[PDB]
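Quick heads-up: it's one chain on its own, the form solved without its partner chain, in structure tokens.
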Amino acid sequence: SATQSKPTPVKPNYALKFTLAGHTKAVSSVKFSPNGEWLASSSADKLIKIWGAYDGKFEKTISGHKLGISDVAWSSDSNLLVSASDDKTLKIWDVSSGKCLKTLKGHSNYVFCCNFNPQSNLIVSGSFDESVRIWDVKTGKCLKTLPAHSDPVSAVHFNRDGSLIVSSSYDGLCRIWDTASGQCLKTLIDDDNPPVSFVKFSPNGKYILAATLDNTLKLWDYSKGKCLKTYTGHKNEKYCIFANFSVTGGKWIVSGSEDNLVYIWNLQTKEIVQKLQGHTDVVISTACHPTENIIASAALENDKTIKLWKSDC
């Protein structure tokens, strides 16, 4: 009919815009600055790199860790980074100068994961040493050591007001902790216990998104301790692969995958809505831009690049 019209899209159309080369070993994490201007990457090459979020332009390299870095995270004001390294330390960095402000010492094995609280006065870390540590940003001192897990801690994240921390571990548990006291408020262990390789709070703090090493992501209502959504079809049995809530356009879940693709699901229906092809190794990390429909993806040693993808919705 002459009245036929183009239907409103129900899937995104992410397309490759830039490939970011410079790391010399596997990329381990990518994160967008809260102000939207920058992308930070960490690598097994012991370096952090900063790139422009919209143009993919290399900006600077930040260096000082003695061994590879598994995770990097921004402060709320986009002025600081914290990194987690195999050298058993975290470092706090002034992004503008590239200088190390503090070295956070206390973990007894690799530090795998890190995050600032919303206020950005605290940092949370998780380690192969099975502990979660809470650090004061201004002093660099460890405030609390939580005997959180019985195997390596794969992820740590604060909720939206900082009052809670969620941790995950290869022990098969996710635990929720009261930040102020360090007490465990809940353990999620519904059914059997495959290693949990990633967890984060949803942006409203009412759910947790958790990855397990059986090719499965789950959205849990942890206040009810019930699984609301399951996302499958990707490959994840080996690596601690980040996942994201994409909120700028359509409401998606985004993850890397061991088949070298970026997977995007419809959060509500659980349908795979896009698979982004181009990387030549496992996609270990993805990040979603805070205001624009932009995904960054990063891959392991056969690839060593970060890709920026943009969608109309």
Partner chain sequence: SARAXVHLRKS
Second form
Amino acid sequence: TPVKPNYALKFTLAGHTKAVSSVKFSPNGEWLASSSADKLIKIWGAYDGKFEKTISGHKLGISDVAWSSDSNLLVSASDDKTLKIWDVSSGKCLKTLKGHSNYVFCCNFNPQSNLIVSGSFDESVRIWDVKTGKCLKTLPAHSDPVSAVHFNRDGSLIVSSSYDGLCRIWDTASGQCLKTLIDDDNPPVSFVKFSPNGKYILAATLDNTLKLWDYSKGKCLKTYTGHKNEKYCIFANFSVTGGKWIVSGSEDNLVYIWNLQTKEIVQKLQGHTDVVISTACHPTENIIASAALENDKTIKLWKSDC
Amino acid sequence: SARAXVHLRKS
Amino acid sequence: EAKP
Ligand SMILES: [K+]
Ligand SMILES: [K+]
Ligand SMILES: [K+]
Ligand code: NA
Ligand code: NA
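Rather than the form solved without its partner chain that you just supplied, could I have the structure of the form deposited with its partner chain bound?
The complete assembly is shown below, putting the previous chain first.
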């Protein structure tokens, strides 16, 4: 029956020399990519955590990394005010994306992987051409740093979030705003992403709350609480390979897993020794990756039987 | 990494 | 704005 998951620690991935900022599984399921304040990207085996390579070139720390759909490219977002596009097999920087005027905080490819979206401390969202490395559009999107950016499943929409308390949905082709989601209040919105069915947006706010939104109708459907999140922009996820969960890091050093429908906490994963800034869910297997800040600096791989 | 508390975003 |  829909039984609770039993995620258990299988591997701990050491090697970053400063806080880890982001981990992401490759769409083909083979790899995990991590970014860090240490200015490095590392690649690891998705199933056994095996260290594969280090990818270097940024001049300052990296806050986010993201895969192309074919698992061959990565893009990274850095305090050096650039994004870089990387060929994962060679480790070579293909393009440096220049235009932001402050730290680049978040990034993603669209599904066709001909575009990249970025968000920055400069309060803008930018849309970039992967082939040329040119900025196509600069959106005056927010009135505070942009914490997250994500394309929907056909690349026609971008969702963005900001410390200004807004979540906005943009038309990719024109760069114009389709919708602003605001609630009864405007705590900072620290993370957003579209759901695997394209229908919902998951949004984190720095009042220790996650919310599931129907974005067509513009309304909140579910609220998830019990974790600690008032300071950091922590990644959250839909887990869909087994039971239907919401997964998030927490400032009490735990990974939280909720039942998406009932909103109950079903598991808390103990082991990290600093804020769990990032979690990710494997595309086909019941595997979670988590990563933590300065006092820990490791990535952990957890596996469940369901 | 700006992502890796409160002080930078309020500075 | 363009039509792919
Ligand atoms: K490759
Ligand atoms: K703006
Ligand atoms: K297990
Ligand atoms: Na599934
Ligand atoms: Na620190």
